[PDB]
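Next up is one chain by itself, shown in C-alpha cells, the form solved without the partner chain.
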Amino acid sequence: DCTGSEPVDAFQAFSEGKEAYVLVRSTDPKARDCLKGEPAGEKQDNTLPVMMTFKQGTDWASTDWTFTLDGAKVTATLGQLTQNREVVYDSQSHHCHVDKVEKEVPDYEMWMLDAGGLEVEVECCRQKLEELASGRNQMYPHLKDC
C-alpha cells in the first residue's frame, strides 16, 4: 500500500526539526548539488531556523532560512526570497517525504534523512513521487560527490 504518516504534518515529517534532510530527487533541472537542510536552532513558534547547504563545482556553499510551518505547508524565507512547498507525502517513520514546490510550473522533490535503512519507506517515497510527477525527468542532487 505504501501508506505513510497521516495526516501529513510538516513538523513531524522533519523529525520535529532534530535531523538534517538531503535532497535525493527533483524534477528541477536547476536542483543544486548536495542540497542539504539542517536545523540551526529550536522551534520558534511555528517557525524553524534552517541552514541550507550545497556544492558549487568543488566549493561548498551555505545559506540560512526561516521555515514557517502550517500543517503540511512550508514557507521558506531568506531575504526577499520566498519559497513555498507542500509536503504531499511522509514516510511511516518520517524517514523520507515528498514535496510539491509551489510555482508557475511546479516541481517535485524527495528529501530524506542522510542515512541508510528503512529502504521500503525510501521506495515508497520514490513511488509517491513518480505518481505526483509522472512523465517528469528526475535529477539526483545527492549523487554528486557529496
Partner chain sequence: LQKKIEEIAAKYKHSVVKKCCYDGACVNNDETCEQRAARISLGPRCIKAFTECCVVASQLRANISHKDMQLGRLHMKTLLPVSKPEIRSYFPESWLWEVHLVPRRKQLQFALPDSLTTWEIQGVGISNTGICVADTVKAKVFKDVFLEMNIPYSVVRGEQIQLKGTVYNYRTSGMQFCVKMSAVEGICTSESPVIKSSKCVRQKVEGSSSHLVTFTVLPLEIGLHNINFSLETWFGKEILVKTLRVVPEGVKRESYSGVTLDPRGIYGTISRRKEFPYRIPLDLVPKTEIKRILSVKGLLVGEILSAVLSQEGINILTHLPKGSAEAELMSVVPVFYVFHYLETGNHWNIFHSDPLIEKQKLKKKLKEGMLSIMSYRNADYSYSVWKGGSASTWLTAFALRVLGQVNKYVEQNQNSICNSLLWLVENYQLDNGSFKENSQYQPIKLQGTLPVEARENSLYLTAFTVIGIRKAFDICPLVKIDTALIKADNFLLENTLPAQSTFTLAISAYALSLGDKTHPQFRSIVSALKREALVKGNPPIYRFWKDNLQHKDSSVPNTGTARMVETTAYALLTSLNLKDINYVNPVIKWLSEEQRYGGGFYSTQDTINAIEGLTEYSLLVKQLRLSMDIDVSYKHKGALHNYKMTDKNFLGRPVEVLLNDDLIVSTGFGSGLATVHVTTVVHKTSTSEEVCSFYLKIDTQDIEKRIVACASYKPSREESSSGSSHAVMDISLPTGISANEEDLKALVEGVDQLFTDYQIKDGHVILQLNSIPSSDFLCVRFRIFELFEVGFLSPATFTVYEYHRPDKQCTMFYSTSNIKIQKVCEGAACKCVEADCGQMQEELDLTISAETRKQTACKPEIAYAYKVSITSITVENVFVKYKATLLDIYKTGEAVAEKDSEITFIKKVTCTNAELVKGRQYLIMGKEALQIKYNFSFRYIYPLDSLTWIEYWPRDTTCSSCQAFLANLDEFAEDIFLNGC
The other form holds:
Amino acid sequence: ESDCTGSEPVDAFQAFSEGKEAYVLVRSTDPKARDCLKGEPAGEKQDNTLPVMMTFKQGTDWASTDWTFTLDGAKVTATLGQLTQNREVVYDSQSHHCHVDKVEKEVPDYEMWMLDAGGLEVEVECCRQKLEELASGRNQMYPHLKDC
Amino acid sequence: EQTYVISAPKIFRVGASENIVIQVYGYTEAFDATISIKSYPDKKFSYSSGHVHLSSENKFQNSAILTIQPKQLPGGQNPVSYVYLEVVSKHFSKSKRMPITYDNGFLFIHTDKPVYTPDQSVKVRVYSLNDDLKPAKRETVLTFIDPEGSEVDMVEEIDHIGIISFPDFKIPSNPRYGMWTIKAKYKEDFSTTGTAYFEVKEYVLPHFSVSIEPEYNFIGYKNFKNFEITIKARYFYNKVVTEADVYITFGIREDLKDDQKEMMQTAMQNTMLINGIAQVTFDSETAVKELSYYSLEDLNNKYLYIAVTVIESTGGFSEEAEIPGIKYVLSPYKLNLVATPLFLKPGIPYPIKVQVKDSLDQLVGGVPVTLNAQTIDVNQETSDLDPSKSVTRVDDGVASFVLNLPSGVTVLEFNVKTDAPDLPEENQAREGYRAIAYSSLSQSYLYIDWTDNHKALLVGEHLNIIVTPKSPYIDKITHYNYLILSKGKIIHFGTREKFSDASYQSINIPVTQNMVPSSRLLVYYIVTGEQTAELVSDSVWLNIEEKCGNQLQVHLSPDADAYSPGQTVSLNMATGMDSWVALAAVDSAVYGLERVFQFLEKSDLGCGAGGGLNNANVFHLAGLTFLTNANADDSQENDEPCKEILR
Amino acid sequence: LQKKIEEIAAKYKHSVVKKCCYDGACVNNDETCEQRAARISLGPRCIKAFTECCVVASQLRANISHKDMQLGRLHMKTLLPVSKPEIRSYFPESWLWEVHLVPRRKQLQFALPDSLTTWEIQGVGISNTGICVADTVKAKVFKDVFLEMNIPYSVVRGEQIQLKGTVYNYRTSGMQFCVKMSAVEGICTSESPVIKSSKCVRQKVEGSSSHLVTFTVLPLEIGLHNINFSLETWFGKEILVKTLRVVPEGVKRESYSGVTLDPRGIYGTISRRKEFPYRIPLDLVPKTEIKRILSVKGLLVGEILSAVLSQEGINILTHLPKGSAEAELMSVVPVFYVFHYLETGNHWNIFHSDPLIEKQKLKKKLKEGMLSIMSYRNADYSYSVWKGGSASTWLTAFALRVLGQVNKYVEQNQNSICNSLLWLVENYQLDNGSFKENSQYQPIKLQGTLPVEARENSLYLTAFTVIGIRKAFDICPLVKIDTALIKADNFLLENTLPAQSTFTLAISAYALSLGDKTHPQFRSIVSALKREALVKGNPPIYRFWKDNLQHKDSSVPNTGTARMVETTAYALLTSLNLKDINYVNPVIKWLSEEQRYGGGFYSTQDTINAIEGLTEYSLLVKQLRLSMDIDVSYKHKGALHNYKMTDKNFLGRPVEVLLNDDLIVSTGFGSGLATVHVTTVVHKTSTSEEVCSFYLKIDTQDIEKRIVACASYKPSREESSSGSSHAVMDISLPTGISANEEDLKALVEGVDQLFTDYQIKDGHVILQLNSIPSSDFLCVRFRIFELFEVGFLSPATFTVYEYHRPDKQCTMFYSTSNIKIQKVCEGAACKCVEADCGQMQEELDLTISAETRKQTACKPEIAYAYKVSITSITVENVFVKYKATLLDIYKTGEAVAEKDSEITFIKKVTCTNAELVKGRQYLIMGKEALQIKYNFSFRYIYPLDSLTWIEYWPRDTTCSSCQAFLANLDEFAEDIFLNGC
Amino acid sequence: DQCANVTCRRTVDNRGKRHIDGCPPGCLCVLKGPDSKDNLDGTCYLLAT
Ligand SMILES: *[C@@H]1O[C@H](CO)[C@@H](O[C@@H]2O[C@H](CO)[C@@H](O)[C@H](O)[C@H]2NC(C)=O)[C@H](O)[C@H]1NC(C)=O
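Return one more block: the form deposited with the partner chain bound, after the form solved without the partner chain shown previously.
Starting with the chain above, the whole complex follows.
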C-alpha cells in the first residue's frame, strides 16, 4: 500500500544515515553473500571518504574486516587494501531506514540493506518491492536468517 | 387428691439432650407416661418422645431425655421458634409452648498474641464444645474483620477432636492498623458464635524508655489533695537519661474502653528530668475544680488520665508515655451479699451475709458492718428495727447476720454500712436492698439451707441440707421433692421421707463432678386437701470449686528461676485421662487473658441466689418450666429466661 | 500566649476540617504560608483554615522561648489530632503452637529460642470430660552479661569505619572484661593480630550499666566478609559472628541481553547458537569485576515460573520502590499469571511432588497477595494510589483489572466489586463517555500542547478504565455499567483517530479489542496501529512498536524503554484477541528477548501487559515437547557447563559468569523453545555520558547539618511545561549518615504535603511524588546526623526518575563531607590507606641495583613494564587519571599498546605517595590493564596498585650524581630487550 | 425499568443466616457499608444477560 517513492534524489550518505547508524544485509542476489553481514561506521566523515567496519560470520566464527567508502552522490566506491568494489544506491526509503544497492560486475547483483535497529515496516516493504523488481526472478539470499 | 409435676429447662436448646423429669403423687398403682416434644401448634410432627414407667419400685418418679434434631427443623424464611412439650398418661394429658434457641455449644477463639506488628503471622485455633461440654466435631467458619468493618478473609475447617487448627493469618506488610475482630461460627444447624480481638499496630523505633509510676493505683480521700507521680527514663543501652524536659497533662476519663477524655489545661505542669528521675505532685481537688466536678463526691468511679512527654536535651529527641486511667475511689470498700436470697419466709429467721472487698475486689477482713432495716407488714404499718452490728470474718470475708421478723411482715428494706475506725462517714461503704415475702394462699412456706457455705463445696464431699417448712398442714406432708440442676440441665431428682418427729430434716446430697462449677437446688413439698393442690418451693445456688474433669498439668525440667538462651529443656505434660493438649509459648510482655469457667456458666438459665415471689417464680429463677395440675399462677409474659439483675 | 492559642484550638476543636488548621501551624522555615497552601487540594475551606493558623502560628513564634514553643506544641498537638495505633516494642513470634495426644503422661524436649524473653507456656486440655486450662508456667531466658555490635548495612571499599558496640552488664556488681576482634584477610586493622585476633585490653563495666566498644577497620576487598567479636570475662567467653558488606565505589549500572533458542525453527528462523561478548564499559571502577549472571529457562513463561516457584524472594521490579497501591497489585501479577498458565493449560505435572499441594500454595499466596491491597481501599469501595490519599479513577480501574482477572481462581467479593464499578460509572464518567480523574495523580506524561495533552490524557484514561471494567465485568454484570461500556467505547471509536501517539493508539486499540471486534472504526484503528510497526529483518525476525508516531519522529530506538514494551504489549494483545497468528511471532520473539532475568521488564504497566501477552500466547499455541542439550562455554577458555533440558527440569538455577572471556550458549538438534538471558552488572565512576531528564542539585548545609536535594523536570520534545508524571527521588545516604525521619514525616503527612510517600530502605531515602515541576525546582529538605565515624568517605548518589518511565532519569554524585586536604598520611596508622596502591620510588635513588630492577621486571606476575612521559593530570570523582605518552616498551605479556600512543593511568585519589608530576618521565611496571573501545579505536588504562613499580626518570644528565643513576637505569633498559627472560 | 429504585435489605434470622429481600426477580442487591454488620441496606441494580 501507499506509494513507495522515497528520497529523491538518492544520496548515499543520506542513505547511510550520515554515518550514524549500522545497517544489515537482509536480501541479496549474490550467491556468495556473507552470512549475517552488518556494516557499521568505523570513523568520522573525512573528505568524501568514510571508514566502514564490516562484521560477518563464517560457519560459527565471527569475523570483521575494515573497509573504506568513497562517496560520490549516489555512487559508492568501497575498497579494502587492493580489492575494490563499485556500488550505487538505486533506492532509499523516505526515512533512510532501508536502501537498495546495485553492485557492478559482469552480472550486476542487487542488495537490500536496513537499519540494524529496525525500520518502519511500510518502508522496509517498499525497499523489498524495489529489490524484487531489480532482481527480476533471480534467487535471493537472506544473510540475516543465518542464525545471527 | 392426686398430682403430677413435669420439670424441664426454661428453654429448649436445639441439638441438646434435654432431660425432662416427671414426679407424680397420690398414685398407688403403677402406670406408664409418654413425654414428647412435638411441633407447634399442630403436634403433627414428633421431634422426639420417651416412655417412663411409674411404680412403687420407682417411687413414682422418672426421667426421659429428649432431643430436638437440628435437621428436623425447616430453614430460612419461617424458622421454628417454638415447640410443644406434651405429657400423656392414663390419668392426665398436659402440654405447653416452649421456646427454642439455636445457640448450642461454645467456640473459644485463641490467637497466640493479642497485638501484632506488620509481616507477623497470627497463630489461631478454636476450641469447640457442644452443649454438654464435649468436643463438638462440627465444621467451623472463621471470619476476619479489619478495623474498617470489612470481612477480608473467611476459612472453614472440619473438627475431629474438638481442637480446630486454622492456617495462620499473615499480617500484611502495610496493613490496616487498629482493632481486628475474629468471628467463629458453625457452618450448619446452629447460631453459636465466638469472638476474639487482636490489634495491629505500627512499629516505631523508640529513642529511649519512659516509665510512669503513680503513688497508688487508686485515689482516695487521703490523696485527693496530693498525688505523687514519679517519671523515670533511661536509654536502651542501660544508662539513665541525664537531662530532659518533662511535660505532664492531666485529664478526666469516663471509662477506659472509650478513647474520649476531658483535658485540663490548668495542670500542665512542667519539670526537669535529672539523672533519670523526675517527680511531680497532682492536687486533684484544685485541678478538678475546673470542668465543674468541684467535690470528691463526684469523680467517683471516673478515671485520671496522665500524659507525659519527655524531650531529651542532648539530641533533642522526644518520647511519649501515658497512664490510661487511675480510678478515683470514694470508699476503700465495696459491699455485696453472699448466699442470701432477697425473699422472706414468714416465721423463719431471715439471714443476711454481707461481704466486704477492697478496690481490688479482695475479701477484706475485720471490717465492722452495721445493719439497719425497715419492715412493712400487711397493714402497711412501717417499723424501724433496732440496728445490729457484726464484724467481718477474716477466714472467709463474711459478716453474718440473723434477723427475727414478725410473721405478718411483707417487705424488708434493709441497708448495710461499713464502720471503719479511720474512715469519715462519706468514705464508708453503703448498699441498700429490698426483700419481698413469698406469697401463698394457704400461708404455706418452705425454707432450705445446708449448714453453711464456707468453705465452698468441694467435689467428693457431701452437702448436708436442712429443710425447714412453715405452714399449717405440716404434719400431713408425706414427702419432700428435689431437683438438682447444673449448667442448664436437670442432673438429679428425687424424694426423701419426711420424719414426723422433727420440724426440720437433713437431706444429704453427694456433690459430684456433674455439679462443677455451680449448681442450683430446688426443694418443694405439696400441700394438698380441698381447693387445689399447691406447690411450696425454695431454691439455692451452690458455688462449687472449679475442678477439671480431666485435669491438665505442665512442668518444666529443670525447674529454675531463669534459663540461658538455646538451652535444651524438657516439658512434662500430665493429665488425669487420655486427653488432647494444645500448647502455646508466648512472650509475656505482650500482656503488659481468658477465663473459661465463667463464660461457661452462661448456660445456667437461673438467676440470683435462689428463692422467689411464689412457687412459679421459684421455678423460673432457677431456670425451669413445669407442668402441674396444681396451682401454676405465674407472672405475666414469663416465657423468656430471667435476666440477672445489676445494680 | 495561652489564650491566643486556646482561642485557636477552641475555634477548631469540633470543626469538620480541623487538621488543616493543625498542620498549617506546623513549622516550615523554608516556605511561606501562601506557598504551602498553594499545594492544598482537600478543598477551599481547608485552605483558609490552614492559612489562618499558619499566619497566626508564625506571628506567635517570633522571639519565642523553647518552653513557649513546646507548650504551644502541647496545646495544638492534643486538641486537634485524634489518635494513631502504634507500638514501641517488638514481640517475637510465638512457638510450641502444637497439639499433642497425651496418654495421661507425655514428655517432649526441645531447645529454647535465642532471645532475652520471659516466655509463658500455656496448655489447654480437651477431652470427653471437657476443657481444662492448665496453670501458665513461666520460663525466663535471660543473660546477665553480653556484647552486641552494630554493623552497618554496607560500607564502601576504602572507607575507614568505626564499628560501635555495647557490652551490657545487668548484674548488680561491676566486672572486668575485654572484647577482641577477629582479623579477616580483606579487612585491614590498624593494630596487628597476636594469636590471630586482636588484643585483650582489660576494662571494667559498672554494675547494672554498659560500656562502649569501638573497632576501627578499613575494608580493602569487595564482598561479604565475616568478622567475629569475642567478649571475654572472668566467667566465660562469648563469640558474636558478624558480616560486613563491602560495596564498590561509584554507581551500580545494570544492562541486559536476551536470546531465544528455537533449534527447529518452529516459531521463526532457526536459533541454535549465540555469543554474548565480553566488553568492558568506559568508566568502569578499577579493580572491580564485571559481574554477569546467566539464566536459561525452559519456556517463554519459564522466567516467571522460576520467579514464583523459587521462593528465595522475589520481586521482579526490585529497582522500583513500594508505596503505591500499584506495587501491591504488581506483587500479585506474576503469581496470577503462573497460576493461569498452570491451570488453563493443565501443566501441574511439572512438579515432581504433589501438584495439589503446589496449587494449594499458589492459591494461598494469591490470596495473601490479595489482602495487601485492602489497605488502599476506601469506605466507598474506591481505591487510592497513596494510603489515606484521595481515591483515584486510574488506580481503581487497575485494581478492578487485577482483581477481575484473579477472581477466576480466587473468587472475589461480588458486592465489593459491584460497589467499585458503580463508583466508577456513577460519578466519574462524563456525558461524552470519557472518564475523568478525581485525584492529582499523574501516572503518565503525554505530548502536545495543554489542550492536546488534555485530549490525549482523556483518551488514555478512558481506555484504561474500559480495560479494567471489561476484565471485571463478569463478577457484576449490571446493565448500567454495560451502558457505560457502550458510551466509553463510542468515545474511543470517535476520538482515537487521528492519533497523537502510538501509545494511546495501542491502548485504545486493545480496549476496543475487548469488546465488539466488528465495528469498522475499530478495524481502522487496528490498521493505523499496524502501519506504525517496526521490524528487524526482512523477512522480519522481530516486530515491535515505538511509542512515538512515525510522522513525528522517524528515528529508531537502539534500546527498549518501558513505553516501547507497553505499546508493543497492547498491540500484541489486540492481535491475539483478533486471532492474528501470522503477525505475532516476531512480536513474541521481541517481547521475550526484551524480558529480564526475574521475569519483569522496565516498569509496572509494561510488565503486566507483556506477561499477559507471553502467557496468553503460550496457552494459545501447541505445547511442544522440551528436549535440548544446552552447552554454555567460554570461547578462549574452558567449558563452563552444560545441562540437558527436559520437561522434568527446565527452571534451572542461574549461574555466575566469572571469567573475563566471551560467552557462548549453544544447543544441538532439540525440541522446545528456551530463553537465555544475561544480566551484566558493572560499577561506573561517572554519569556524564548519560542523558539527564532532570536538572539536579544537592547540598548539605549547617542550620541554625541538613540535606537539601532539588530536582526539576526537563520536558521532552513537544511536551508541555506542566511537569513530570509520578516521580521518585532516591537519595543514597553515605556510609554512617542517618536521616531525620521526623522531617520526612512532616513532608508527606500533612495537607500541604510536598511529597506523597517516603521510606528509608538500605541506606536510601526514597521519596515519591505526583509530579516534579518543569518551571521551577522542587526540594526535599531533611536533617541528618552522623551515626558512626567514617574516614575517606565515598560519595553517594542522588537519582530521580519517572516511576512509569525509568528511562527519564538523572543520576548525580554528592558527598556529605567537605573534607580536603589529602596531603599525607604521616608515618604509621597508615598501612591500611596505602595498602593497595603504589608507592613511588625514592627520587634519584642510586641504591636500586639494576638487577633488582630487572628481576622485578622479569617477574612472571608483572604483566606490563615500560617507560612513559606524563602529559595531563585529571581528578575524576574518587580517582585520579594521568594522561601519558608511551615512549619505550620493555615488556608486554598481554595485549600490546603502540609506541608514542596515548596511555591512561588511574590511582585511587586516597593515595599520596604515588604523586605524579605532569611533564616528567617515569618507569612504570605493573599487572593487568583495561581495554576499552573509545570512538572507534582501542584504549588502554592501567591501574596503580601495590606491586606496581614506578620511578622518576629525568631525561637530561645535569642531576649531579644522577648521571650515574641514569647510567644504571639505561643499563637495565638496555639489558631487558636483548635477552627475553 | 423494574429494579430502578427499590431498596434492598440484608437481615439475620434466628439461626444466624443472612438473607436479602426487597429486590424483585432478575436483579442484584448492592449493599453499602461495612460488610461485617449483619443488617445492611442497599439498592437493587437491574442486572443483564
Ligand atoms: C568466626 O567464628 C565462626 C564460628 O565459630 C568460625 O566458624 C567455624 O570455624 C571453625 C574453624 O575455625 C570450623 O571448624 C567450624 O566448622 C566453623 N563453624 C561454622 C558454623 O562455620 C569462623 O572460623 C570464625 N572466623 C574467624 C575469621 O575467626
